[PDB]
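Residue strings, one per chain:
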Amino acid sequence: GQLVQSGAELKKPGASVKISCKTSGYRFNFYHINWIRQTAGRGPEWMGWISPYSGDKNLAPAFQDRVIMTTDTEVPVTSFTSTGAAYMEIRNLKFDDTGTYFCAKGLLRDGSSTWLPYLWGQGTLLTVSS
Amino acid sequence: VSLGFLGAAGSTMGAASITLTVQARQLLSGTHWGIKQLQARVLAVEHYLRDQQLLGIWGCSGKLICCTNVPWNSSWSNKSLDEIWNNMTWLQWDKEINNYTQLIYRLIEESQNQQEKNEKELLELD
Amino acid sequence: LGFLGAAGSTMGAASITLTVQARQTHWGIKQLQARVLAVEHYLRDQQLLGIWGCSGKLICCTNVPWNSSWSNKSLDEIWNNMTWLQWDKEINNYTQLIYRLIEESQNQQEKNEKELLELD
Amino acid sequence: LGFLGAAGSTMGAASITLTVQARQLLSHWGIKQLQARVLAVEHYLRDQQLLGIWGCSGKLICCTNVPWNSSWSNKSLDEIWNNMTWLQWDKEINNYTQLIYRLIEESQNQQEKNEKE
Amino acid sequence: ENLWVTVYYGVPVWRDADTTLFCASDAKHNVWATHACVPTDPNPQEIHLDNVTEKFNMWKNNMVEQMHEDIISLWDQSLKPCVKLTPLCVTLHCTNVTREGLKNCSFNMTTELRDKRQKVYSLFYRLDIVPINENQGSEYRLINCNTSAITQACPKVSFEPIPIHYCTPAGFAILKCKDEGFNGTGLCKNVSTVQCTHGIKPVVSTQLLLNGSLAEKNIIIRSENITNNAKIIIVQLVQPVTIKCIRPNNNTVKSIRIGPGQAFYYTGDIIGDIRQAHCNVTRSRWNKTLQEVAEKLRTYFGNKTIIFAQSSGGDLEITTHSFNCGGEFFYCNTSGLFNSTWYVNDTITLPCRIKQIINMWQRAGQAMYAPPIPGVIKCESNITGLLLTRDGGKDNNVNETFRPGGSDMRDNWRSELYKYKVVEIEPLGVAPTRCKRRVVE
Ligand SMILES: *[C@@H]1O[C@H](CO)[C@@H](O[C@@H]2O[C@H](CO)[C@@H](O[C@@H]3O[C@H](CO[C@H]4O[C@H](CO)[C@@H](O)[C@H](O)[C@@H]4O)[C@@H](O)[C@H](O[C@H]4O[C@H](CO)[C@@H](O)[C@H](O)[C@@H]4O[C@H]4O[C@H](CO)[C@@H](O)[C@H](O)[C@@H]4O[C@H]4O[C@H](CO)[C@@H](O)[C@H](O)[C@@H]4O)[C@@H]3O)[C@H](O)[C@H]2NC(C)=O)[C@H](O)[C@H]1NC(C)=O
Ligand SMILES: *[C@@H]1O[C@H](CO)[C@@H](O[C@@H]2O[C@H](CO)[C@@H](O[C@@H]3O[C@H](CO[C@H]4O[C@H](CO)[C@@H](O)[C@H](O[C@H]5O[C@H](CO)[C@@H](O)[C@H](O)[C@@H]5O)[C@@H]4O)[C@@H](O)[C@H](O[C@H]4O[C@H](CO)[C@@H](O)[C@H](O)[C@@H]4O)[C@@H]3O)[C@H](O)[C@H]2NC(C)=O)[C@H](O)[C@H]1NC(C)=O
Ligand SMILES: *[C@@H]1O[C@H](CO)[C@@H](O[C@@H]2O[C@H](CO)[C@@H](O[C@@H]3O[C@H](CO)[C@@H](O)[C@H](O)[C@@H]3O)[C@H](O)[C@H]2NC(C)=O)[C@H](O)[C@H]1NC(C)=O
Ligand SMILES: *[C@@H]1O[C@H](CO)[C@@H](O[C@@H]2O[C@H](CO)[C@@H](O[C@@H]3O[C@H](CO)[C@@H](O)[C@H](O)[C@@H]3O)[C@H](O)[C@H]2NC(C)=O)[C@H](O)[C@H]1NC(C)=O
Ligand SMILES: *[C@@H]1O[C@H](CO)[C@@H](O[C@@H]2O[C@H](CO)[C@@H](O[C@@H]3O[C@H](CO)[C@@H](O)[C@H](O)[C@@H]3O)[C@H](O)[C@H]2NC(C)=O)[C@H](O)[C@H]1NC(C)=O
Ligand SMILES: *[C@@H]1O[C@H](CO)[C@@H](O[C@@H]2O[C@H](CO)[C@@H](O)[C@H](O)[C@H]2NC(C)=O)[C@H](O)[C@H]1NC(C)=O
Ligand SMILES: *[C@@H]1O[C@H](CO)[C@@H](O[C@@H]2O[C@H](CO)[C@@H](O)[C@H](O)[C@H]2NC(C)=O)[C@H](O)[C@H]1NC(C)=O
Ligand SMILES: *[C@@H]1O[C@H](CO)[C@@H](O[C@@H]2O[C@H](CO)[C@@H](O)[C@H](O)[C@H]2NC(C)=O)[C@H](O)[C@H]1NC(C)=O
Ligand SMILES: *[C@@H]1O[C@H](CO[C@@H]2O[C@@H](C)[C@@H](O)[C@@H](O)[C@@H]2O)[C@@H](O)[C@H](O)[C@H]1NC(C)=O
Ligand SMILES: *[C@@H]1O[C@H](CO)[C@@H](O)[C@H](O)[C@H]1NC(C)=O
Ligand SMILES: *[C@@H]1O[C@H](CO)[C@@H](O)[C@H](O)[C@H]1NC(C)=O
Ligand SMILES: *[C@@H]1O[C@H](CO)[C@@H](O)[C@H](O)[C@H]1NC(C)=O
Ligand SMILES: *[C@@H]1O[C@H](CO)[C@@H](O)[C@H](O)[C@H]1NC(C)=O
Ligand SMILES: *[C@@H]1O[C@H](CO)[C@@H](O)[C@H](O)[C@H]1NC(C)=O
Ligand SMILES: *[C@@H]1O[C@H](CO)[C@@H](O)[C@H](O)[C@H]1NC(C)=O
Ligand SMILES: *[C@@H]1O[C@H](CO)[C@@H](O)[C@H](O)[C@H]1NC(C)=O
Ligand SMILES: *[C@@H]1O[C@H](CO)[C@@H](O)[C@H](O)[C@H]1NC(C)=O
Ligand SMILES: *[C@@H]1O[C@H](CO)[C@@H](O)[C@H](O)[C@H]1NC(C)=O
Ligand SMILES: *[C@@H]1O[C@H](CO)[C@@H](O)[C@H](O)[C@H]1NC(C)=O
Ligand SMILES: *[C@@H]1O[C@H](CO)[C@@H](O)[C@H](O)[C@H]1NC(C)=O
Ligand SMILES: *[C@@H]1O[C@H](CO)[C@@H](O)[C@H](O)[C@H]1NC(C)=O
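Residue numbers (the entry's author numbering), protein chains in the order written: chain E, 2 to 52, 52A, 53 to 72, 72A to 72H, 73 to 82, 82A to 82C, 83 to 100, 100A to 100F, 101 to 113; chain B, 518 to 547, 569 to 664; chain D, 520 to 543, 569 to 664; chain I, 520 to 546, 570 to 659; chain A, 32 to 58, 65 to 135, 143 to 145, 154 to 184, 184A, 185 to 309, 312 to 322, 322A, 323 to 354, 356 to 396, 396A, 397, 412 to 507.
Treat the hints with care, since some could be wrong.
Residues from chain I that keep clear of chain B, each with C-beta distances beyond 10 Å, as calculated [said to hold, decoys possible]:
1) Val608
2) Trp614
3) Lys617
4) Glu634
Have a look at the derived ranges for each label pair, beta carbon to beta carbon [as the list claims (entries may be wrong)]:
5) B:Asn637 <-> D:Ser615: 51 to 57 Å
6) I:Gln543 <-> B:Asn616: 28 to 34 Å
7) B:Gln630 <-> A:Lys229: 55 to 61 Å
8) A:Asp113 <-> D:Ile535: 55 to 61 Å
9) A:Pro79 <-> E:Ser21: 25 to 31 Å
10) D:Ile603 <-> I:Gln543: 32 to 38 Å
11) I:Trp631 <-> B:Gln543: 40 to 46 Å
12) A:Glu507 <-> I:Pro609: 20 to 26 Å
13) A:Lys97 <-> D:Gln653: 40 to 46 Å
14) A:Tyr173 <-> D:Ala578: 52 to 58 Å
Below 16 Å or equal to it, Euclidean Cα-Cα: the simulated EDC-like pairs (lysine to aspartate or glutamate) are [what the hints assert, rightly or not]:
15) A:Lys502 <-> D:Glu657
16) B:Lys633 <-> A:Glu32
17) B:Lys633 <-> A:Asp47
18) A:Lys155 <-> A:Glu190
19) A:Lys240 <-> E:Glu72B
20) B:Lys617 <-> A:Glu32
21) E:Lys83 <-> E:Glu10
22) A:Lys65 <-> A:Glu211
23) B:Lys655 <-> A:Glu507
24) D:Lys601 <-> I:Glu659
25) A:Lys357 <-> A:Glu344
26) A:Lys295 <-> A:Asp412
27) A:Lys502 <-> D:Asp589
28) A:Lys502 <-> D:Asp664
29) A:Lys502 <-> D:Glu584
30) D:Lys601 <-> I:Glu647
31) A:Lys502 <-> D:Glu659
32) B:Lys658 <-> A:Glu507
33) A:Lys252 <-> A:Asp477
34) D:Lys601 <-> I:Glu654
35) D:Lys601 <-> I:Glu657
36) B:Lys633 <-> A:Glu492
These are computed hints drawn from the structure, not numbers from a lab. Using N, Cα and C, we set each Cβ at its ideal position, and we do this for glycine too.
Can you build the whole structure from these sequences, using the hints too?
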């Protein structure tokens, strides 16, 4: 499976940004899509996850008021694979939010650890400046 | 709360094991037209018995789930149990081992015959 | 007695005879249909027993609890005061429900037995 | 090996191949074809019904409680299992086979009565 | 770890398979013999399959082949007890009826007794009549005489379509595609399982699909290959277009004995003015329908100008639309329907003719004589889809041309069976577990 993301762009403080995550080679609806942030002053941090199957999402308390996650309807390629995309929107950007943002694929369809980010996209840089 | 017939087909293999009885039941239940109906009835019987013939030979008859003494060969699949039971449908799994299905069946039959031979000998020694 | 000879006897009395009853161009076409029909009925009953795990036994206890709504009768009222024909009428609307419950219990039992073996 | 490849083998040696023959018992002119298909099914089921009656269902080898009658054969186990084929064996007891089958059925009937208690 | 094979029975899997299907039907006889069918379940079951995507291909669907063979076999079964009409192939003397749609013919027919003959006067449709090669113009023969004997349809047996539910043998299942935009091929996201199909009426028609199912939201255009003009294009309409058909002629039907156990039915007279049979399609509704079809065709053809045109010519059975109404077989000129041109930017009356000697499946050596139906016939039907073909051989970047009909009768069944696929259920499967079998003693 493979994941790719929207390219890096510069934003003003308070601006919104939307990051796409196109996927292929696996069934989109079978796995959770995770979003994870890394910054130099914080290290890795979860922004929560969304299930394309039910539309349910679990947002981390830090991001509940600033992050919205949505998904596209999957388009099949083979009986066992499909294409589709997840999107994340961040509002009220601050300089503290600068860093690399990653899209990642859930680990299992069942069991205790289904949402773990087994596959990661390359990730892209978000920059904030006035 | 049942998913209905084949409702589990899209489920993971582990989840699907919950519904085996749904599929097991109705295998028998679900003039030009008259002959076609007769052929349909005979065919359904042959279909049902084909699988039962294998189970009786394997010693698995009367059971929905039957453990055996035949070791798994990594060449049939190198997947871990989590990769199989929690990440696959049975439809996907059958394709992965489609070339080995008959090989496995013969190994099960050989193991059953040796087991019964040994059980008899253990009783003869008593 | 004989085949169905117990039919007028009580359900409990009949239990001894289950072993006995467990057993059993134009014309040629009808015989073919007759032969197929006999096979379908034999297998229909065996299919249910195999799923229930009761195969090979005339009497098979299960883990499904009796629901008083199916019948509020005591065992003495059922086993000694009724024929199987009378009993069949009393549970005619619940028979399929009972069958599904037996099947669900069998699958849960085998799943649990598998897990016990995995731990050994 | 192969279907009936053991037929000329000693009865003891032949027992290793029972599964080979147990399998493939199953699998106008439309009527003719159906009669043959039904016949194959009836013969398969006939044998399975006998095993169910004998309490031997699901087993390739099934021990019973019926004692061997020396009048059926006076041959030792070593003579039977290592010096005979199954084809020869069936001929020696061909006239007692139905008697043996009835005795097995009677023994199961007694066992069922005991299990009920 | 040490893993062992474990056997599972009742595993929810399937593989594609071809198996004999049998009819079922909802609880005076009909050619389809639906009374022989298994009664339908009063509460049919359907199971939605979540997380299942499956490949469908209507063009390779063998349910179509079975239905086609069933329809032919039943048709023949209905004709076996019926009158052979072998004595009917005679020299006819014919004159104009007191347009040449009809001729008044005279012949010496056989009777109950071998030594006796009777003179018979009868009206025949010109389509059923062939001039004697002597070309005197006064003598004729029936069209079948150099080809086949004609079996008369039995007058008591109806040709009316009755829905047929196709059911698969136990141990097999029929998958149904529910996707709203489904074109009959490719992957279907919404898949469900049924024991039987929805009832399908065995409607036989040549250019327009009548009394079939409707598309739920949009017009769906289906083809094995749109770019290949040879392939038939099946168009399913969202809305029905009402078509009304009438035979104004008031027939008086007479009958004579041919021989013991046999009789011939023929039109003895016509009451009132003789008038041509016709069908009516509302013009405004039809033009709306064609526009919507053209809009969908332009999507596949690069927004080229869409031209509709009349049939290519050749035999009447192909070049005209046909249907069974009132038991009579009609052939209608559809050039009035397909004469439009569309760009990116009252009623239509279709002339019809009636033919009594037909060969619906185009089989050599076969023919049927429909008996005339007395009085005046009127009926109404819904156009629910179109059969189109395309003119190839052109590199033009402006025009595309479409014409009605096609050579293959099997394509009618495809318009209803595209949803369905037949699969075999395989209860056994094997997968590794940690479980090891215990051995007694
Ligand atoms: C597309 O779909 C549409 C919608 O489904 C289809 O439209 C339907 O098409 C049907 C077939 O044409 C049609 O059914 C026929 O209707 C005729 C007219 O019915 C109306 O008038 C009669 C008489 O007043 C009313 O009783 C009735 O309620 C209606 O108002 C009927 O006459 C037809 O029945 C007769 O023909 C059929 C065969 O087609 C026979 O099986 C049947 O027995 C009838 O024939 C006998 O009776 C007539 C007189 O009624 C005699 O003329 C004839 O010789 C027969 O006589 C024998 O039997 C009678 C007893 O029945 C006995 O007394 C006598 O002595 C003889 O022994 C038939 O019911 C639908 O009405 C029509 N629907 C609509 C809404 O219009 C359309 O066709 C489809 N298109 C295609 C291509 O399939
Ligand atoms: C079709 O395909 C889909 C996708 O593959 C299948 O969906 C998968 O089904 C399995 C069924 O077991 C799921 O496994 C479980 O996953 C959950 C994950 O938690 C999430 O889902 C909950 C759904 O109710 C939801 O409640 C959770 O979120 C709420 O609650 C939390 C906690 O309060 C909160 O933080 C959130 O904000 C929400 O309010 C959350 O979104 C997991 O919890 C389950 O654990 C139990 O079960 C396992 C297995 O027995 C067991 O090991 C555990 O100990 C525990 O008992 C379980 O792991 C899987 O997540 C589904 N996948 C997706 C992508 O949704 C579907 O089943 C398929 N259909 C068919 C017909 O086969
Ligand atoms: C076909 O018939 C021949 C002759 O009866 C069979 O030959 C016998 O085969 C068995 C093995 O299947 C031999 O058994 C072994 O003998 C040695 C001693 O020679 C002993 O040490 C071993 O433990 C074992 O018992 C047997 O000797 C041999 N007989 C002869 C005379 O050579 C042959 O097997 C038959 N084939 C089949 C497939 O049944
Ligand atoms: C019916 O719907 C299905 C699903 O939408 C259509 O299948 C897919 O159609 C596309 C074209 O729209 C095919 O793409 C092809 O890609 C190759 C390059 O890889 C290109 O050379 C072709 O010209 C074409 O664009 C795609 O393969 C096809 N998928 C399958 C599985 O066949 C289908 O075409 C539709 N049918 C009709 C008659 O429109
Ligand atoms: C198909 O369409 C045509 C054209 O609209 C329909 O023809 C018309 O049918 C009506 C029926 O009442 C005719 O009305 C009467 O005709 C007689 C003829 O002698 C006249 O004396 C009456 O005053 C009255 O006009 C009308 O003339 C006729 N139009 C033409 C041009 O012939 C036809 O009925 C439609 N067919 C069906 C099955 O609906
Ligand atoms: C659909 O039909 C078109 C037309 O027949 C096929 O394309 C042609 O393929 C041959 C291959 O040798 C070429 O020589 C032609 O030039 C092609 N025609 C055009 C108009 O491009 C096409 O391959 C068919 N599609 C499928 C899937 O069979
Ligand atoms: C078909 O042709 C015959 C022969 O010309 C017509 O028969 C005559 O019909 C009239 C009534 O219209 C009778 O009075 C005569 O006796 C008939 N002649 C014979 C020899 O039977 C018949 O009418 C024509 N049919 C039609 C519809 O015109
Ligand atoms: C349907 O009706 C049209 C009415 O015009 C018929 O049209 C003629 O067809 C011939 C075919 O060779 C052309 O040469 C003519 O030009 C057409 N019309 C005229 C006025 O010339 C058409 O043939 C009919 N179709 C059928 C199958 O009978
Ligand atoms: C789960 O499966 C994902 C998709 O891979 C497909 O399914 C697996 C089980 C294999 O059969 C593979 O060949 C198929 O293409 C994987 O991307 C994902 O990593 C898997 N998860 C784990 C934990 O293995
Ligand atoms: C495993 O499979 C290989 C062939 O791929 C075979 O040679 C080997 O003997 C197998 N091992 C067992 C234990 O069956
Ligand atoms: C089965 O064998 C064929 C070659 O005969 C091969 O193409 C196919 O990939 C094999 N299937 C699997 C699941 O290995
Ligand atoms: C008996 O059946 C009823 C059906 O509604 C159910 O509510 C009740 O819990 C059942 N009783 C037991 C003991 O299972
Ligand atoms: C079962 O239902 C029937 C009606 O279908 C009714 O006559 C009968 O009394 C019911 N039985 C019980 C025990 O309620
Ligand atoms: C019958 O009509 C045709 C067509 O008008 C004509 O050629 C022929 O001469 C007519 N026959 C008679 C006898 O008038
Ligand atoms: C029928 O027989 C009569 C006998 O006189 C003859 O005149 C007449 O031409 C015959 N009709 C036909 C069509 O042969
Ligand atoms: C039968 O006669 C018709 C007369 O039009 C002719 O078209 C047809 O080809 C003939 N059939 C044969 C087999 O000669
Ligand atoms: C699948 O089709 C059924 C048809 O009734 C519809 O109700 C259901 O919502 C569909 N599922 C999806 C995901 O569209
Ligand atoms: C077909 O279209 C042409 C061009 O508009 C027109 O001249 C002709 O009359 C039309 N034919 C019919 C039957 O309407
Ligand atoms: C046709 O003519 C007959 C003559 O008896 C009459 O009874 C019948 O009603 C007529 N049909 C129509 C539609 O006028
Ligand atoms: C044709 O469509 C109309 C609605 O426009 C409907 O009332 C009628 O029953 C339909 N006819 C058939 C045969 O379905
Ligand atoms: C397109 O069709 C029109 C008739 O509708 C015709 O006049 C024109 O020449 C055609 N164009 C080409 C390039 O063939």
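A cut-off of 10 Å on Cβ-Cβ distance, and I:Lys617 was said to be off the interface with chain B. Does that hold? holds (17 Å)
Range hint 25 to 31 Å (beta carbons of A:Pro79 and E:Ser21) holds or violated: Between A:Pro79 and E:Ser21, where Cβ atoms are some 51 Å apart, the hint is violated.
Satisfaction of the hinted span 20 to 26 Å by the C-beta atoms belonging to A:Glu507 and I:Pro609: holds (22 Å)
For the pair supplied as a hint, A:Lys357 and A:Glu344, confirm whether the alpha-carbon distance does not exceed 16 Å. The hint holds at about 15 Å.
With a cut-off of 16 Å on the C-alpha distance, tell me whether A:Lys155 and A:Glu190 pass. holds (11 Å)
Check whether the Cα positions of A:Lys295 and A:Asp412 lie no farther apart than 16 Å. holds (13 Å)
Next pair to validate is B:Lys633 with A:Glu492; report whether the Cα-Cα distance is within 16 Å. holds (13 Å)
Assess, step by step, whether the Cα of D:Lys601 is no farther than 16 Å from the Cα of I:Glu654, and give holds or violated. Satisfied, since the Cα-Cα distance of roughly 9 Å is no more than 16 Å.
Verify the proposed pairing of B:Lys658 with A:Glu507, using a straight-line Cα cut of 16 Å. holds (10 Å)
Distance restraint hint 32 to 38 Å, applied to the beta-carbon atoms of D:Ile603 and I:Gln543: holds (35 Å)
B:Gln630 versus A:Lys229 beta-carbon gap, inside 55 to 61 Å or not: violated (22 Å)
With a cut-off of 16 Å on the C-alpha distance, tell me whether A:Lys502 and D:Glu659 pass. Holds, at about 10 Å.
Violated hints for the displayed structure, listed by number in ascending order: 7, 9, 16, 27, 29.
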